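2 protein chains.
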Amino acid sequence: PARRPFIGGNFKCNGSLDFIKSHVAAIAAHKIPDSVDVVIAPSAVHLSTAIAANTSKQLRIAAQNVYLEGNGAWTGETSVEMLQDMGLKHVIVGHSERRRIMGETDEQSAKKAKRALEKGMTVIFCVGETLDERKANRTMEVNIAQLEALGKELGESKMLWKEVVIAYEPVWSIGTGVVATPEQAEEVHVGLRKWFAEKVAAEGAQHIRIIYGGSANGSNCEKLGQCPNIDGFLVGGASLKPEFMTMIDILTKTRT
Amino acid sequence: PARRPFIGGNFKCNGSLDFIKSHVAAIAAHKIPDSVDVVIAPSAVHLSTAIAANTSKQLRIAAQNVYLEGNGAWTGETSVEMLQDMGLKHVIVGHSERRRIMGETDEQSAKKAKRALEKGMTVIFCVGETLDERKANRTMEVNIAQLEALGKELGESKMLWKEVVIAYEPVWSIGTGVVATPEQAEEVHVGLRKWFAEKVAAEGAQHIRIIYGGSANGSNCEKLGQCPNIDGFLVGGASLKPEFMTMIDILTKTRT
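These protein sequence lines map, in sequence, to chains A and A'. A prime marks a further copy of an entry chain.
Heads up, the authors' numbering is the position in the first sequence plus 1, with the first residue counted as 1.
Heads up, the authors' numbering is the position in the second sequence plus 1, with the first residue counted as 1.
Please note that the accuracy of each hint is not assured.
Identical copies look the same in the list; a pair holds intra-copy or inter-copy alike.
Result set (DSBU-like, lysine-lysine): computed pairs, CA atoms no more than 35 Å apart in a straight line [what the hints assert, rightly or not]:
| id | residue 1 | residue 2 |
| --- | --- | --- |
| 1 | 120 | 22 |
| 2 | 115 | 136 |
| 3 | 195 | 136 |
| 4 | 22 | 242 |
Bear in mind the hints are in silico, worked out from the structure with no lab data behind them.
Throw the hints in and build the complete structure from the sequences for me.
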């Protein structure tokens with residue numbers, strides 16, 4: 002059985018008010034089919050501007066991060082409550098920039114995800130290995146460890162996992178212009194799906210979306226989208242460009 | 002010679018869209034004199050809502066945090082460029098919640114501050130010791146170390162320091178309802194001003210604002226404001242309440 006395809010655009014720390022207005026309008030003007038989930042994640046200060054600019058009935062706005070506590074004395078942090086008050090359904094958790102550059106631990110990412118999921122959000126949960134870890138032949142060990150941390154907070158819970166979208170982004174592919182080959186990406190996605198079937202649920206493994214990120218763009222996404230276990234993309238740099246819309250079209254054509 | 006008094010309200014991780022609209026309107030309706038700087042720092046997702054609600058010609062909106070890189074691949078982070086594009090002049094850097102709970106290092110806080118100052122922002126730079134550090138009689142050593150980290154990035158630079166407001170908030174006073182006595186606070190502020198005179202500039206020490214935070218509220222702020230070296234307040238919990246306006250009035254009456 003199959004999955005609703007998913008494409009997310011992570012703007013990261015980019016944008017101005019004028020850009021958000023113009024780019025969100027451009028995406029919203031694209032004919033987005035009802036058969037694919039399309040989500041964009043502007044920087045936190047731009048979320049309300051993006052929501053106001055979003056005239057699409059399909060496009061959804063997401064956050065790039067959320068904290069693991071509710072409202073309270075957490076200077077600089079955003080709560081799930083704040084995001085839901087703004088009408089958001091989606092949030093990115095555990096992006097490799099936060100894990101590897103900003104010191105977000107496996108347990109911290111897992112706790113953020115659990116809190117968001119328990120409150121009814123859809124979490125795009127990111128995992129991935131560094132070039133060093135892949136050279137050491139620890140690719141699956143690393144990715145599985147990141148997921149087992151979420152598993153520790155959610156276990157086998159049903160429908161905690163229902164609204165998880167796993168995003169595999171090899172760290173060596175992020176912003177480097179070095180995309181994983183379809184073979185390399187599919188191999189990891191197969192491994193993640195086997196892990197899910199074994200440690201969570203066999204039926205659940207058939208339904209969970211596992212998307213690929215890391216230098217995914219309009220030129221390479223068709224071949225990735227043709228891989229049985231790659232349900233779509235988490236797009237960084239290309240999400241700031243008109244080619245993001247081309248990717249939506251390619252994903253639709255290849256997987257619906 | 003003397004200082005323009007400064008009062009900042011840090012909302013921390015609190016608020017909904019409706020609250021921001023209503024509370025910013027309430028503050029903006031207060032008669033704020035031209036003689037005092039009054040700044041409020043909503044959560045990042047609420048900044049644009051607060052800016053739209055702010056009809057005051059005196060009140061300024063500030064951010065609670067900013068990253069130490071420009072725009073780029075920093076998922077979950079906000080750049081100085083983004084804040085300036087939104088028209089903001091002020092940012093809180095090095096809040097003790099970020100230092101002590103979220104692992105922001107002295108050097109990281111210093112680098113954030115330097116970047117913001119170089120771009121023309123006013124930085125509310127927070128320092129403070131824990132109860133453990135004070136028990137160990139290391140209060141001044143800790144606070145000075147946090148400032149020397151900024152000094153390392155700015156040195157004796159003129160007018161890098163011109164737009165710094167130092168905020169002393171003993172960690173044991175944050176959200177605990179245990180305010181420092183005027184005697185305790187003034188003693189630290191004297192120490193910080195002596196440090197500034199010795200390590201930065203004697204004339205500069207006469208002009209830099211050093212504000213107190215940590216359970217400051219409408220009931221205790223007059224006695225603090227009467228201390229020669231306490232130029233105002235960084236207000237947490239009370240900034241979410243109507244008593245914030247009472248504090249503005251008390252600060253004006255005591256220091257102008």
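Going down the list of hints, with the structure as the test:
When the C-alpha separation of residue 120 and residue 22 is checked against a cutoff of 35 Å, the pair qualifies both within a copy, at 29 Å, and between copies, at 25 Å. In this assembly of identical chains, the alpha carbons of residue 115 and residue 136 lie at most 35 Å apart only when taken from the same copy (31 Å versus 38 Å across copies). In the homo-oligomer, the alpha carbons of residue 195 and residue 136 lie at most 35 Å apart inside one protomer (22 Å), although the nearest pairing across protomers, at 54 Å, exceeds that limit. In the homo-oligomer, the alpha carbons of residue 22 and residue 242 lie at most 35 Å apart both inside one protomer (13 Å) and across protomers (33 Å), since each shortest distance falls under that limit.
Violation of the numbered hints given earlier is absent; every hint is satisfied by the structure.
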